[PDB]
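Shown below, as structure tokens, is a lone chain in the form deposited without the RNA; questions about how it binds or moves come after it.
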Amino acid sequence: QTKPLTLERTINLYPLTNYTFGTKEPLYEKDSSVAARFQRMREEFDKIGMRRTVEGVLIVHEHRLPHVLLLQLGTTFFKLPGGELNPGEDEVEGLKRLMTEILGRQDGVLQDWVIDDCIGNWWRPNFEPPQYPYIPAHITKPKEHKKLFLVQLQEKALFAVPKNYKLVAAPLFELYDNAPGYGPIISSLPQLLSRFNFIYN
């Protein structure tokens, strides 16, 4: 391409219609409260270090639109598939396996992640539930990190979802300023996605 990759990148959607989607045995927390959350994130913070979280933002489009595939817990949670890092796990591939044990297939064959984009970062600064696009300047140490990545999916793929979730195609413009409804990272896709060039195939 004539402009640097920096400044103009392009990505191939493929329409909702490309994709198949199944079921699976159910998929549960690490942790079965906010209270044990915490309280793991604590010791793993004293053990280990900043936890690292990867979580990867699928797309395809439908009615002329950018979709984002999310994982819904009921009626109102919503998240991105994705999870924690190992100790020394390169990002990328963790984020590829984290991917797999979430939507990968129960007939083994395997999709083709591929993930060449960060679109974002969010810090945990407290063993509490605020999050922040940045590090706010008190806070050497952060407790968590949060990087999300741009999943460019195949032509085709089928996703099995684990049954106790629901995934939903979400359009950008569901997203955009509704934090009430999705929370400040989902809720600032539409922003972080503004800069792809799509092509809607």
The other form holds:
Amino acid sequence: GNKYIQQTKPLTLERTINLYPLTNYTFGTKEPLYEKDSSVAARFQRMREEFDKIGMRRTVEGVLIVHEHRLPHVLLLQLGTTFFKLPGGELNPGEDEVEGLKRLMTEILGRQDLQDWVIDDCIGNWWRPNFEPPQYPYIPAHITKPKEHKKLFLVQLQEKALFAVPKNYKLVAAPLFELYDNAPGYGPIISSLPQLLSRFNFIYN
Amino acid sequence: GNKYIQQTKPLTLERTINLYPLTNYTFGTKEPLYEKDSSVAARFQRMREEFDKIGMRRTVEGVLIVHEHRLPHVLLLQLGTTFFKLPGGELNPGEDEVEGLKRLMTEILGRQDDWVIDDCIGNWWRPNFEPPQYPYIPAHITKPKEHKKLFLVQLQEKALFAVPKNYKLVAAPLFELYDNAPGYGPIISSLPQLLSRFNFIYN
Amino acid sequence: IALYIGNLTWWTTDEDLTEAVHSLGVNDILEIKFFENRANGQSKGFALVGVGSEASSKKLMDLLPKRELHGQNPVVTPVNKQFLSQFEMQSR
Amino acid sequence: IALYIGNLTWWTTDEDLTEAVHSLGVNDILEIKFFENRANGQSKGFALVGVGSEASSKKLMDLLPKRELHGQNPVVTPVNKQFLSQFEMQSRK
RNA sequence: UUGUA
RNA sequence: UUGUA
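What would you give as the form deposited with the RNA bound, now that the form deposited without the RNA is on the page?
First the chain shown before, then all remaining chains and molecules of the complex.
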């Protein structure tokens, strides 16, 4: 008898994604990149101001996945000892969401020597109703003008590639069970990634 | 001046889903449905057992969403005022996931007098014959007992839902579930996040 | 100059509220800030409102509470730490 | 009739763990119940394990250490609430 | 440790 | 309340 070929599925119904060993990826340094804002209260002030000239903040973050021991790890930037962020940032007004993440990723991990990113999956949306830390994966009934909107994009990696990192940031590969139900550790967003990625069908090369 | 035509966006990048007012949807009572398992240690006993000859247990659940006041609501099933389960169940060995779900849904919410499902929103695996379920398979586990798979069930503009006497069909707004695992389990309560990616329309 | 509005649904919004006062005809709204469950960001059902005029403040004090938002009567009081407590007692 | 087995990585499957055991002459395994964080489900480095044969136990004890599962030498020990107290203290690593 | 009308 | 380098 001869093997039948399981056809590909509607992407919406099954998304297959390719993960390669952390080793396949090499990471050199680069001049450090101090954030635009500084203190906690510092960035909110900036927000208020900007919201009045431009409007709602549009933030995009990229979730780069590798794996180890048949277990996905998310690359998390890390300032100091206990702060993590996903590579990403603020869009310039009018900017095409994806084009903007590309610009940002390159800005934040670019190799000295024209790479290209594969972004074709939005994996989450988070909204800040008012001008404080609170963020929710949805816009509350009473809110008609959110202060900031965050869109999340799975970012596929190739079999191998090289990246560069600000001399101030350290780059860690968070495994999922390290993040799961670990809101205190990494926040709500980052810590719910295991959930938000569970839908993907991963391949460990 | 002349605008260029917006290119098409891959569905994987922007999934646009149509929602309708909860009030377009109504229930009628039906013959009550009990559960294959009864007591707690039962399901696991059956689980253990079944697995031995069937292999892994494949479970699915459907996530029917409605909208009121610009807030997506999920239809859950309650009995005692503290238990809420998604519609769905175990598959029969070899059964197709989607068709499978359809079957179980209609089975549990019929229209004597249809289902649309094109999205997988989640996955949770049960590492042992214990309660714990995680949205991923831990590295030391090679053969997990149960495998739950959740789908977005698109609904018609309006419909009727037969409801086993023993069940009340509630419609939780998102915030009710958010961060509320002590109320709705870790699956259910993480449905908000799991749903955030969808570009909903509130018809 | 500021106040407290309450006894309104959790879907009563800054926008469609401003319409209410615009109906009384004030337009003074500087800013509005809702109180809400941090856990899920759900509105508590009352907002601290910000205003710039005093004569309108009267109107709000005076007249608003005898109107229906979504079937509710806007229990408007001025900003006081002893009012507030009843507004959250409300939550319960 | 059970032992403990530790100094195991968190990625030591139950399969590869058993792969090593039959490779000692022992063909009467029981349970192979792993201990693991209930929050994230991560393996706790050790696993309870019972055995029908009760001399093969010695086998493990003697032979399993000085073998390498994922470049780590296991630690076959009898069952004991002091070993519990021992492994558990290790998990915090 | 969303579980027993 | 993952926030100070």
